[PDB]
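Asker: Here are the chains, one letter per residue:
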Amino acid sequence: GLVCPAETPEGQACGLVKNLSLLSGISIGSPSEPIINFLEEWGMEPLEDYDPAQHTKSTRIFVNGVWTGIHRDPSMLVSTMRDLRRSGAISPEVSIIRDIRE
Amino acid sequence: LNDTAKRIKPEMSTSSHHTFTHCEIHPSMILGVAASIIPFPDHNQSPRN
Amino acid sequence: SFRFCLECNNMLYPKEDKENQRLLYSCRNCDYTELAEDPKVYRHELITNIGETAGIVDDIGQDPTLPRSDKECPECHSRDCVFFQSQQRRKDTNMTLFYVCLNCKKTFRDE
Amino acid sequence: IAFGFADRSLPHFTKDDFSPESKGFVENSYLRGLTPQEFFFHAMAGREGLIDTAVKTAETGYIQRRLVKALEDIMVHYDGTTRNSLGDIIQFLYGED
Amino acid sequence: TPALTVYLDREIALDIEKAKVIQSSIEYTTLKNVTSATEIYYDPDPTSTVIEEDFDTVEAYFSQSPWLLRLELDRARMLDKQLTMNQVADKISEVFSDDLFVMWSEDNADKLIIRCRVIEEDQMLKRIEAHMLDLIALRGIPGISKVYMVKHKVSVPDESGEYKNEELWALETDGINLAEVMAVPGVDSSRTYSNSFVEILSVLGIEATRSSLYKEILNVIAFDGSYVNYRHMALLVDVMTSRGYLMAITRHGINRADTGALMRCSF
Amino acid sequence: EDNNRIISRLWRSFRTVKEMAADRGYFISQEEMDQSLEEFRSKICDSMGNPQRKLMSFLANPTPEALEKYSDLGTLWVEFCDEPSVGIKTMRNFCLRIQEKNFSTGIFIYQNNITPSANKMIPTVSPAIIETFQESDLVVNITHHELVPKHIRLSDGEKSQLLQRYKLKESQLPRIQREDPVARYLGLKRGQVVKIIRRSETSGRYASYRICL
Amino acid sequence: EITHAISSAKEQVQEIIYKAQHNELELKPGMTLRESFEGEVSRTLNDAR
Amino acid sequence: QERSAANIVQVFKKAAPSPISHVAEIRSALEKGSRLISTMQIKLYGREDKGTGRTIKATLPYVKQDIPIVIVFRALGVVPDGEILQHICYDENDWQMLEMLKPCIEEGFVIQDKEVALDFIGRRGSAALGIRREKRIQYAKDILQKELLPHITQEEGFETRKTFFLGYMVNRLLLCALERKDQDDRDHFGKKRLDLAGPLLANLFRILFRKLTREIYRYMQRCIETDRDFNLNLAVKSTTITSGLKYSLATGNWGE
RNA sequence: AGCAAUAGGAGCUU
Ligand SMILES: [Zn+2]
Ligand SMILES: [Zn+2]
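Protein chains in written order, with the deposited numbering: chain C, 513 to 614; chain W, 719 to 767; chain V, 3 to 113; chain Y, 776 to 872; chain S, 1115 to 1177, 1190 to 1245, 1258 to 1405; chain G, 2 to 214; chain B, 679 to 727; chain A, 206 to 461.
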């Protein structure tokens, strides 16, 4: 869905030069401040109040590759974040990625 | 069903109940600009595409 | 599982009370020395199984990508369970599966 | 076809599905037409073939050049022997026949 | 992928139990291969114990350092290599003659155990344990990490002189130790072959090296049904063995000859 | 137990040594050729069963054919030593005994290692020749292997004939190292040429010649 | 006939999968249980085709 | 232009004739500008069954030799080994990982305070020879503050967050080493980024405009000596940005 | 009776 499975040069450039799929799009980037504010509202607790002796079940939250906190219940946070993105409050090109085993 | 001409859409029998979250808008959109000119690209071996 | 110091908060190492022949645990920073319970001092494993059932969470029922099976919960008679194989990824690992009830949340197996 | 996604080949399959369709079995014929999944798997295989053709030819050409340079000076002489440019014998009779 | 092809003696070559006994003789096992988990217990008094399983055993074994090593031996793993407690304890004493004193539980015991005593020593015990687990051999030829029971469809003449197939057990291995396997009784010492022709050169000479080299090249070419005439591969292997040693097809081989400078520079 | 296996391996090595001597041209009595494991154990081992290797040490004389052919073929001494490691001391005794009874060639079969310090005395003991082999290497006779064709050292006149037939110089021949297992087994000295007849799938039979480095 | 043969091979593969999952598959020398499972499935599907 | 993503930890296996077995590599960049700053690996020395010390040693930027991990954890301001382990170990009950963690603790038992460890880092900072302790400390503290995970933060007084990210990286390293988690996929397309006209022109413009500001400095060194008022319209050589952008866009060579 | 070089990039057939 991201790059065409068929269009690639022959020869020594094979597989290194790719071609975008028709519905592909490249993100422009977006400020991370509203994301952090939404996260802070819904219940994320900071790392200055973190103690892995107690927090054995908590789910850790990364933002742009930066670990910024942990949550007691990722389910409602991902649901609300997805609803905010699908309502327009968050930029539509913002990834909201829950990992469940990790 | 039982159409000897139309291609068999895969059985998918292992899973009791599917919980889909998304659908492709159209599967031909995986191709790019140059591959989109090809008529019936699913009837060719990929090197020819 | 090695403990830590009740005063200096470092970790205690083994030692011998040659005048009593009892395994103590010595702090290399402070002078505190407490009595221990277990005379084991070392372990080594080659046939391990840590990571068999550990790959489970409370909300593992919320994963919509896991295949759902019809196995009966021996516990809770549930006719709906998501399932997966051993999450250890070694070459010689088994291929037996694990079964999680979405009703009772007990993990089980087919044996 | 490897599990390029986490525990699956494509995001249209479920986790830990080892069935033939999940791991690259194409049930249709070219006449009947491939499904999108079969099309993508066949594209991966054809791409592997193209990469192999593109990449092994350099090793093969290097090998053949080295063989030619190693054997370039070897000739059958009028006494039947097989000698190099130094006159050293490689075989006392060519092909042993 | 190093590999030997060990042809068996004919009496062994037809029987399967004998072939499996030869397999057991040729395969390499270390204490790692039969060890589950090693412990360390502080046992201040040699004649007594703080443990509750082996107290009866050591009271039946009697009528130095207080540091003890308690390694455990799984049942089926011990079972599969035809190994019992006696040979293992003997082998431990073989290299720890008098700088170590070995106790071993019996084979029928509900727990298969070994106990050792040293004659601050909580780290020399760890070093000794590592050296034992990583260097004690039990049986077989070092360098042979796996052995397979393979079948070869040899064609031999009948008693009427007519060629008839004949179904014999032979051996394939992983790893290479040609000299020691050729000596093992029950092996056809005149037919053992290796797929590493450097080993052949070190063991059998340069003509056998040429034969092995031709066999490998023929295998590589004829794998896919291609047929190259004999004389070309014969020439290639004769150039590679003409000096008495293996001359590689590289700059390190070609440019070490005595030919003119312009040829070597042109390459 | 392990003693029977040790004795059997030693007997196999002794048979290989005798096969070496007979192949090299020396006369060996037909009865000592067919030496069997039990009779060897009778004549060599002890009450405790461990073997005295100082009785195995024999003396071999050249067969008259290998004198008419190899005029430079003298008298052989073969010693199985008892010290696993061998030092300059034992090598000094061996060389003294070899020069003491004008033995042309002395084969010194050892067990474990010959230390480089001791090894340096091997070539400096002219005009006698001292070669050494390890017992583990001699367990299998490699000239009986199917991949090892039969090597036959040429005589001086035949080497000259070979060089003249091909209008050759010595350096233009295929070569064999003096440390080659079959050159070592044959006692090849520098300049001597073996003739190697071998199987040929295109012609049936093919004769090869290699010169010793 | 062709679709019956393909369905039979799919059933055979499903049986191999069941045998591997309930730990009853017979391994081969120098080959892992997972590699044995994969080799048997590949054999089955190549013979199906 | 296709490039691996930034500010993500990836853990790779290594090769047989290599003392290093497992390597966690992260490249760092800032939310403003989206430019690379520094890279910092945490390698696992010790092969399977060989290389008896299975320690983990970091590689800070601007230092020549690789520092052990407990040393930098102490240098960042958490001395007690219990707290170090807790930053590494979220679950005390797990035992195999704790059994694989002892050689690090032993190889870094010498240090017991922040100053000595931070000097130990400083003694390797690749600077000039013979700096005294009080400013070797300042140099090393500057390295630990800036050029160490700038994406986390570059201001002082927030070392705990950097310690937590280090604990996470070490934990992922051990998960990959203890086979409890699979190695990261190099070819996964989700761990890659595409640089379009925006970021490419941003990089080139940053280079050329720093060139221009250096020119402004190299003019204000001389002209101010004359002690005259200047109108700045002879101080900017406008041809620098124009020639640079035109050269790069006309040749394709992206750089000076 | 006289038609520069060096680079980079995109391609052709194996
Ligand atoms: Zn303490
Ligand atoms: Zn239930």
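Simulated from the structure, these hints should not be mistaken for laboratory data.
A couple of the hints might just be wrong.
Stated by the list, open to error - Mimicking EDC-like on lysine to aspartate or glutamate, the simulated pairs with C-alpha atoms at most 20 Å apart in a straight line are: (1) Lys73/V <-> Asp792/Y; (2) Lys307/A <-> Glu1259/S; (3) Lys367/A <-> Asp390/A; (4) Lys42/V <-> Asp1123/S; (5) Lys688/B <-> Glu729/W; (6) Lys798/Y <-> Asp390/A; (7) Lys42/V <-> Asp1159/S; (8) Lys42/V <-> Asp1260/S; (9) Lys386/A <-> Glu519/C.
Asker: Has the given pair, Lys386/A with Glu519/C, been kept, meaning a C-alpha gap of at most 20 Å?
Answerer: Cα-Cα ~35 Å, so violated.
Asker: Does the structure keep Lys73/V and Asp792/Y at a Cα separation of 20 Å or less?
Answerer: Holds, at roughly 17 Å.
Asker: Going straight from one Cα to the other, do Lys367/A and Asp390/A come out at no more than 20 Å?
Answerer: Not OK: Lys367/A and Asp390/A at ~25 Å, beyond 20 Å, violated.
Asker: Given the hint that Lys307/A pairs with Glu1259/S, does the C-alpha gap stay at or below 20 Å?
Answerer: holds (18 Å)
Asker: Tell me if the straight-line CA distance from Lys688/B to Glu729/W falls inside 20 Å.
Answerer: holds (10 Å)
Asker: Is the Cα-Cα distance between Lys42/V and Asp1159/S 20 Å or less?
Answerer: holds (16 Å)
Asker: Would the pair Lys42/V and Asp1260/S pass a check requiring their Cα atoms to be no farther apart than 20 Å?
Answerer: Between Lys42/V and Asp1260/S the Cα gap is close to 12 Å, so the pair holds against 20 Å.
Asker: Check whether the Cα positions of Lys42/V and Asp1123/S lie no farther apart than 20 Å.
Answerer: Judged against 20 Å, a Cα distance of about 51 Å means the pair is violated.
Asker: Given the proposed pairing of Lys798/Y with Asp390/A, does the C-alpha separation stay at or below 20 Å?
Answerer: At roughly 18 Å apart (the allowed maximum being 20 Å), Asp390/A and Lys798/Y satisfy the hint.
The earlier numbered hints that this structure contradicts are 3, 4, 9.
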